Amino acid sequence: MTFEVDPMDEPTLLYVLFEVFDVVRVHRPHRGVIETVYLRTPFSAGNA
Amino acid sequence: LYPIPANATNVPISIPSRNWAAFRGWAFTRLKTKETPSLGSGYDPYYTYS
Amino acid sequence: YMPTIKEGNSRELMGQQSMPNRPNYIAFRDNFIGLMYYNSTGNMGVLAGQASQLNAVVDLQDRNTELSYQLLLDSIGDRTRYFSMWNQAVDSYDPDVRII
Amino acid sequence: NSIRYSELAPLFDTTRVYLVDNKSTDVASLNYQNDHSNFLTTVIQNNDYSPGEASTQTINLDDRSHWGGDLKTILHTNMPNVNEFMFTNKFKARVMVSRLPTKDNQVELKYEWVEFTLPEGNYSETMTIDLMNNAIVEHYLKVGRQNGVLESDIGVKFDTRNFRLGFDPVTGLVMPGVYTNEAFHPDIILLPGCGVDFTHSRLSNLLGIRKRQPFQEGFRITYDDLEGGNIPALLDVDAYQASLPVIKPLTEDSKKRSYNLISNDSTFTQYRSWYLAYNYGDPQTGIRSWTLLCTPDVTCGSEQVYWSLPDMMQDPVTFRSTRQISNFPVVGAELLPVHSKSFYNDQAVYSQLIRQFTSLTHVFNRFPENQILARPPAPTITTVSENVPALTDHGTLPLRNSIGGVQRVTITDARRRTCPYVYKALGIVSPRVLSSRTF
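Chains as they are written, first to last, in the authors' numbering: chain H, 903 to 950; chain F, 653 to 702; chain A, 302 to 401; chain R, 53 to 296, 377 to 571.
Be a bit skeptical, because a hint or two may be false.
[Said to hold, decoys possible] Computed spacing ranges between beta-carbons, pair by pair: (1) F:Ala673 / H:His929: 45 to 55 Å; (2) A:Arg399 / R:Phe137: 49 to 59 Å; (3) R:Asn74 / F:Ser690: 18 to 28 Å; (4) A:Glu313 / R:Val495: 37 to 47 Å.
Calculated directly from the structure, the hints in this document are not laboratory data. For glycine and all other residues, C-beta sits at the position ideal for the given N, C-alpha and C.
Sequences and hints are given; from them, build the entire structure.
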């Protein structure tokens, strides 16, 4: 991606929201046990 | 967060190579480095802004 | 306006003129942004079982949990209303001050 | 078998994942307040992204298997002898504060336990005892002499020699009239009402004075505790040959610094010695009953360090999963790499005499005419602390089935805190299958 911005006399940033599917599935199979499986995509990270 | 130098115009970014399955779209806004703290740490010492 | 650099009292210090200081509102942020370590992977919070050693909060760096809650309150309800318990008072400039 | 990574092909068993502190600088936004003991490093090491953009991705071991990693760690420190962190600069010692007279024909002595701090640095055991004797005089030059306490009654003196080699038991004095200039062991020298306190200190391990029962709290050595260890007085050899048979215990010096004798008609001084009460006192009830003679050990003890990888190792038995910076689940124990290497020269006292002429200053050689308050002899058997690297094998450790990209390495002290003097940490984990988790 190639952006063109107006010039500013200050160090500025660029905040791009790459919209993903940041999804949790919480599984509590026993009493006192909580175990989640995470998945996000395209920026892939999680248990799935 | 991509850095833009002072008085810069062309900002080329590059996501290197990823599986883009189920991509949804973009949304972007220019921020300032002065007004954006470096999150991830217990304390940002280079952040003199409130 | 200081007419004379000398700190001692003189006739010229009857002409010194006073201006009020700029109004500075220091408060907690809207929806208590900044109190909680979200998305800091070194200060990541825990919700797990007491005997279970597996954390159910696997928080990442490039997630923005604060902005995900600011945009959530916009859609699920009115945002011009003030809720003091979560300190839910949205940042809002005056429309006659920004755009003259 | 699959050690599957998301952005590449699924590898199979026995890969290597690396936890290096150099890549904890590649992601510097996480660790602005983290040393090389406790730090957040990355593991992913995919060269497509950035030094820091690949940190969020995970390494998923398979959930069907129970995984075990062969931990191999490289540790290297630069720890000085005298430092604030390992409690080797502080020692408490009760000293004589003020010698002031009362109304009629009575003097009253004021005492106070004063905290004595050493300059931080890597020293020998000759110069540290010179610094430990310097802190007694620095309190004397600041608090002591401004009230009126004399030079003869400076309380605590850290010496390294024997005061009972010229001792003739028929006469009761030291026959050469000068104590020997050879060093045997570091002892302490006290006066009535003064003592030391090595409870929160660790220079007790430097003087070679350890407890016979170390598991009780508190370690103070008092004038009352050193019973039977009076330093014998010196024979007046200038008068023993002037009338040659007269026998006189020596009372003063060339500068009239009087030896503290217990009376006018005695052969012992008021100066005690830890070395004399240990070897020549009572073995049943004396200081030998609860102290111990040691190698002087310029490392000041070798504690252990505790490796802990909380975000990829499963916690061992009876360890609770917690995120406290002082308390992590320990996955590997290791000795601190500061070894103590020996050293021997027979000219260690003669090299100390050149050391005064080279330094050109009498700071360490204050009181040169007084025999007890003279500079201690350097020992012929010293010790040299060496920082050695330590590649160790922590064996197979059970792994968490989903390893995140950012991983914490914490090198924890024996008192459960982070060591500032670690500057090289490198963990190497080899994941392999231990047993199946599903039938």
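Outcome of the hint check:
Checked against the given bound of 45 to 55 Å, the beta carbons of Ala673 of chain F and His929 of chain H, roughly 24 Å apart, lie outside it. A hinted range of 49 to 59 Å holds for the C-beta pair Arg399 of chain A and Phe137 of chain R, which are about 54 Å apart. Between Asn74 of chain R and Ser690 of chain F the CB atoms are about 20 Å apart, so this pair conforms to the stated range of 18 to 28 Å. For the pair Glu313 of chain A and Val495 of chain R, the supplied restraint of 37 to 47 Å is violated, since their beta-carbon distance comes to about 59 Å.
Hint compliance for this structure: hints 1 and 4 are not met, and every other hint is.
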